[PDB]
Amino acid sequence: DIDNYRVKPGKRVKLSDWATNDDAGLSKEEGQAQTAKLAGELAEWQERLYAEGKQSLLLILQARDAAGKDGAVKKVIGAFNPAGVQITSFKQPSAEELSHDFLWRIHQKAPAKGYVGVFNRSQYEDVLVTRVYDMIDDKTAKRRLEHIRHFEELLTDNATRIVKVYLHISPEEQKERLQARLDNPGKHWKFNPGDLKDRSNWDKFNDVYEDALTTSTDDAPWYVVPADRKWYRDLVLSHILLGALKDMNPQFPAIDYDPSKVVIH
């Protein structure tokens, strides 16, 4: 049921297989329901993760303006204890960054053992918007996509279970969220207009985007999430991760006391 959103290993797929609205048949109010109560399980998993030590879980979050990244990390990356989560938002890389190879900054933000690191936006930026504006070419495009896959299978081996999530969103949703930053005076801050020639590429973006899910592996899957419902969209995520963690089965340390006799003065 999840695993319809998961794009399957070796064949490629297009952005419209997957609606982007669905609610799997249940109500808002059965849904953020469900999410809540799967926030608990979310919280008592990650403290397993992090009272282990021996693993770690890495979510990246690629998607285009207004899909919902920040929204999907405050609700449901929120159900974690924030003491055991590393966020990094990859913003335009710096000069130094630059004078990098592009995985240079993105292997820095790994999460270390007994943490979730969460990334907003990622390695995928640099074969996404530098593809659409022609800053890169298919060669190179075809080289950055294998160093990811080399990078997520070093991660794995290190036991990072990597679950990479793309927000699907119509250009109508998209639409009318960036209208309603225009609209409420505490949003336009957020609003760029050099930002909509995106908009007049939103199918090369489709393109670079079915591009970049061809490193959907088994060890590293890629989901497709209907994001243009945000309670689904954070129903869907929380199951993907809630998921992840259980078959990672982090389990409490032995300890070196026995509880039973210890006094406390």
Given for the second form:
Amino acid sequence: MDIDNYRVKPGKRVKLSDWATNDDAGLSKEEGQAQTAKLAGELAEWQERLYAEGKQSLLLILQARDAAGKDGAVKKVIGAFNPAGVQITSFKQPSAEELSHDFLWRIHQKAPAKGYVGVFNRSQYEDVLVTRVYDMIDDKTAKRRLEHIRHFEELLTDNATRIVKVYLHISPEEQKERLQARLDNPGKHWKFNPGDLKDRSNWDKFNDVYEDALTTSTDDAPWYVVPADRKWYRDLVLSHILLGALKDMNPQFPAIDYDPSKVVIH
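Just the form deposited in one PDB entry so far, so send over the form deposited in another entry.
Here you get just the chain by itself.
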């Protein structure tokens, strides 16, 4: 398994048809889940070092279609961290106050603080995705917003915020099964709504706007196209993406301002 094959290389436009949705790296469901469990412990040790150092931060931007596994990726992978060093934000339709500001106003407010892991379940890229498919903005506006997004991610990069953008990539047939599954199991009826089917009818339009958004992939702010047909594999790759980022950040425990040898606890 080379995780870098899933990284959108800088400057190269992408075709979603050229990326697989159901890779498994020649691993069984058990070998993957077992390895994902071992990585869960590794993720925790490094998230503790990140919080102790208090100099850097990690920002995961999760973008995907309905039933792709955003909720499951957070519950399984992000659940490995100490929840006190994590901040999760699920961006839904902008409120009235949010619309009275530029489109990055509400986004910037949730940027992670030093020492924290930040997650955007849906993010600023919504403003150049669903907003385009349904003609809330035109191509001119969309293009400029993408330039504004790059600069925003460049701002946070110089602030020591390591950016990682992940797109969970599934096939239409896999989505069909998962949507039918929510309709068949009484316990999950609440996760399905008459409107997940509208975005489905515009599947090919979302391909175009998603491929546009992926052009923001740089060395400092990379995109990853993660085959997500297999949920265990989705979790396994994301485990590798986040831990590999954490290890490259190499957070060191903080210095002390006292002499331990000379302290007398009364």
